[PDB]
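Okay, here's what each chain looks like letter by letter:
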Amino acid sequence: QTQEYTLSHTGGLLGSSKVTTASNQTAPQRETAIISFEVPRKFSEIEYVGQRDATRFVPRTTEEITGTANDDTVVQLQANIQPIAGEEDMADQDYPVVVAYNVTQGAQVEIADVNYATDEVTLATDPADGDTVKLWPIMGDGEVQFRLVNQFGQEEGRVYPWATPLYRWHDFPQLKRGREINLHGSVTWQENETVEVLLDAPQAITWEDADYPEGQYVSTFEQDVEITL
Amino acid sequence: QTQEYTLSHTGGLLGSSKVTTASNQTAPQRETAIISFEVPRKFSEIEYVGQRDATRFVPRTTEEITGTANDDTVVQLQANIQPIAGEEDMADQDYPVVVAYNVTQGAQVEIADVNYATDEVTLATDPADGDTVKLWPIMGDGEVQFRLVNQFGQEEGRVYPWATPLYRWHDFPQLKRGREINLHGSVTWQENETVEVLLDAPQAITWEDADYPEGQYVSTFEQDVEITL
Amino acid sequence: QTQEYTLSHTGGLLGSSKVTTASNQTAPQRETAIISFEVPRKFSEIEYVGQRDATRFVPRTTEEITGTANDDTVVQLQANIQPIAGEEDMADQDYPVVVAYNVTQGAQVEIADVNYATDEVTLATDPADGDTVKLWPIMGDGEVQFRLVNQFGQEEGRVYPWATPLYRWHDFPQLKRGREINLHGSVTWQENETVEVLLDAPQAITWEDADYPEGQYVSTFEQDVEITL
Amino acid sequence: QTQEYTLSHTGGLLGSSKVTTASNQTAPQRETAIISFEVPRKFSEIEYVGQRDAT
Amino acid sequence: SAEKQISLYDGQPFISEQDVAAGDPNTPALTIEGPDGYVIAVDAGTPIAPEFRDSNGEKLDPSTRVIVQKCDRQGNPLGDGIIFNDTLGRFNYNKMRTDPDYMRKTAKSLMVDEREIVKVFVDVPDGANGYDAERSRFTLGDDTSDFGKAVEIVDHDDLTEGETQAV
Amino acid sequence: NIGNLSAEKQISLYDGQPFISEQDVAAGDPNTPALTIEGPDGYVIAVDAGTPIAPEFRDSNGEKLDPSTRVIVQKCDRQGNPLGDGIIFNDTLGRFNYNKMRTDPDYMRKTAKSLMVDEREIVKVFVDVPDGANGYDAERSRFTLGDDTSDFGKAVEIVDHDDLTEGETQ
Amino acid sequence: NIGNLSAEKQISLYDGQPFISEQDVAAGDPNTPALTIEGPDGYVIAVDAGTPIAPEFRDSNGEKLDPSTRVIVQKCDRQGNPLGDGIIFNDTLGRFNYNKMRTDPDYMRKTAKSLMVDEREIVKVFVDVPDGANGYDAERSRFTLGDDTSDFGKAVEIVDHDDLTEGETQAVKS
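Chains as they are written, first to last, in the working numbering: chain A, 3 to 231; chain B, 3 to 231; chain C, 3 to 231; chain D, 994 to 1048; chain E, 379 to 545; chain F, 1032 to 1201; chain G, 15 to 188.
Next comes chain A alone, as it looks inside the complex:
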């Protein structure tokens, strides 16, 4: 009676009550938690198996950039940027590495060119004095791990002690058999034995802003599982 299933950063098999989202600590870097997975009312157990099971995670940050009469068109970011699957050609990245949106003009802000490893960007358009823009570059230079909870907060420990980096995460092209991710670890957790992902990085994270254009959800985490019903 074992059937594979999929999870999400939102609702799904949990109703947005047996799951939470959360930002992270930045000023002191801390291996904080951003997302949990509580077993809901029904299930007997859940199973994760790295080296058999998949994973996806698309993280982005947020900032705020004004404009000027003699606007710059150019920005710098304190969050290292890389491509995802190959070149930095925004047309063919398999999803963009940057998103932008003007606030005054409730409209997108398209990109002209990127200063690649300089971590600076050139835009296509010309913002105005005192005009606000929101950006959503991807998140790199940060670790990730899994762990577990014994119904209170007493951790069993961790799935697999060694971490994994996010620039690497972006680097490996998702959506390709063999080139998929398959971590290491093998676990099981029954009712209220919640799981929590952890992240250690300087920079922030963003799940929602209510002004992000592309589908209400700035980032995501998605995952495969093998459930006993």
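Below, simulated SDA-like cross-link-like pairs (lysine to any residue); rule was C-alpha separation at most 25 Å, straight line:
id, chain 1, residue 1, chain 2, residue 2
1, E, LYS486, B, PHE45
2, C, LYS136, C, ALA29
3, A, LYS136, A, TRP209
4, G, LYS23, A, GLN225
5, D, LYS1011, C, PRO163
6, G, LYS78, G, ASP118
7, G, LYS23, A, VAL197
8, A, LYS44, E, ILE531
9, B, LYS178, E, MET474
10, G, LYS23, F, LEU1114
11, G, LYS78, A, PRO204
12, F, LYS1141, A, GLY159
13, B, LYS178, E, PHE516
14, B, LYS136, B, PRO215
15, E, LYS437, F, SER1099
16, F, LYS1095, C, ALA81
17, E, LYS473, F, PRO1098
18, E, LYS382, F, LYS1144
19, E, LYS483, B, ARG181
20, E, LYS486, B, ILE183
21, E, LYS437, B, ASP94
22, G, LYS124, G, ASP105
23, E, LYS382, F, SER1099
24, E, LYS437, B, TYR97
25, A, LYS20, F, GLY1059
26, F, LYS1144, E, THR517
27, E, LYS473, F, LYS1095
No lab work stands behind these hints, which were simulated from the structure alone.
Given chain A, put chains B, C, D, E, F and G in place with the hints provided.
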């Protein structure tokens, strides 16, 4: 099928119909009854065992004190006062030995100091001319016994012929293993073989006034039992 | 021919010549010596045994505080204060944690309240402009050890290498069986094989001032021993 | 694998971090310290032998 | 070993709670409920910390009463099997949480299979303040200490007497 | 003269030591440990089935935090990695009566089980401050793990790794 | 429940770790190691014949240094001493095509041979900048050694020294 249980001065296992409360006789001292315990509809029997079973009894009296333009702050009482568990320091008595309440000002009346064995008290506040105050000192200088009824009023007799005093009752600290009370006696009574506590003392007693601040019940009696279901 | 005995910070079995007292180094913290114990003319040996033998040590510091027309009543101290056995209620500390004495008015200075871990104090009285006051708070935040001397200064070493703190010293209530102190160590020293206690702390120490009210001796050390006659 | 070596008041086998220099106490004479020798990151041990070793 | 010593309280998942009004003893303020594959056990005597305060953070009237009670399935109270019939105006919270003798032990032992309920009924008779839970707590054990007892939890998987304990 | 002593030595740990560590903590952050003990090299330590603690955890204002607070001692291997199988002192805060429990036998509160700590392992003190509390501070707080001065309370057992013949096995 | 695991564990190293160390470098100073790996106590690590590297070595201004730049990984015993007997990955810089070579099987640059590292043994990353070029920074740079998440690439194999009986043998190997 024997399970221990607890009784009260109110309702509980009796619905406030198979129990009554009552004051006492004062002008002629009489070993009167204040409280009964009728077996209700259901039970096969009840058992009390002194030297195994516990008891609690917190008795208070009532009076009425006016005030004056050149108010006194000071009172005398015709009811001897003692501490409960140790000193007469109202902060740490395990429950106060005096309660006061102004009637005009529907508010408490805090105490400054006590003339200890003089049976007089100093207050913290200043009452007004023609202003009424209600007090509830504890009750001492009085006996207590148990007895039994054969469904009419024909007494079997008494549990244990010798009495027990109430100043002593206050003296022994309740709420402490070993220092608990365990009287002498061993009885049993089935349906409608009611029990009645008895008290002989000069002073009155008070179960309710409807103006006592602390929880509707001026005094109490509480007790442990071993019931056959 | 083994008999137990007691030592002191003063005279006793040494005539105030085979013992000395001393202050400590403050500006550079040094594990200095404050007190010695030279064997006197007579004895064959002395024995100390931690885990069998007791100890007492009541250390206080000194300062000097002026006054003002619009006097403060309030002081701060660069010497952390704690209680001794329980609360900071000066009535019931088993000995005070602060002593004060005005110099102009050759009289005590009673305390009203303490800012507990703030290491500040409120007084009861009102000092005057240019009026001097001497205080004697207790000493905390400092180590202690024992050692030994081979008739010159060539140390054998130390009794027990690990230290012990003084806030802890105050904390453990003296004067209670089981709750007494019993350090670790086991030694013996014959004629002129003197012992020296050592202390490492920032703050000073005080044995005498000749103006301290309570018995000529600001601090003390006292100790049990097992002597061969 | 035992080899003789030499130390100094400065750096050398310690990088001027696993060694310190210091003055002394004068007003009260004290048997103070002027110089240390911390073992650095690498070594398994060090040995001194008077009646064999120099200074 | 499979046995473990624990102490329960309010902020847990399987436990449940609800506010209560005056004169409604049949409304349980706390509902403990057997998890799956986790039997628990309580010997003849174990502490409780029956903190039951008002909205305004005040212990309710001393005439208040607490009745712990076992319940089988069907959400059903049970008479054969009951623990801790007691008042409220008795505990002296600040000390009874610590002292060995102000401490309060159960009437008899207990076991709780994978699906069995326990309820904490509260008789506030009348003329009183309503109950709140967020300003209130509860316990059943002291595993940290020495003199006192604690709750004995076991995972059902590691046994062969599981069927006997199910009977 | 000085007496001989065994390798086993009886001590009591606390805040103001070098090899121990600490930090300040905010409310609603359990996983930020307030105390981080780290094994010294060539020094195993050991704890029998029961040893006291004096979990003094006060406020910036020198006040003990909320009784609903909880403390969790927890074992950890290296890498700062938490670990569950191996855990001590699952407790609330509002239960100790500091000023007596440092001293008395009845108020005393021992561990759950025994423990050992190699030349480098970590032990963490996590602190669940649920809500409505002030930020925790350490200078206004202390901590202990044993009672060696006394005559009824237990004490830590330290050993130098070289003195043993079973030291490699442990 | 958690699934049991072996002592052997498959990992991938990088800059932001505790035991690793780094430093900035200037041009024309090949003897300065920009990365100093350093054996943790009670943790042997291992590298088989071929394992990836991501030699990301950029400028202060976030630019890969001159293609004439070279990288030399090199084993070292204690004493901070380099060693010729035992050396990996002598290669240039302006060759890797960073953006994809962290990903593809083909760019992926494997080692020359295997390696073992006892509880305290050093490895260094010497960087031959020719001269007169732009200096090196680390914060604008990275480095790696393994591919543990994926399914085609190799990974670094760590073991705790306590979980073996051949530890004395590998200690004799050194």
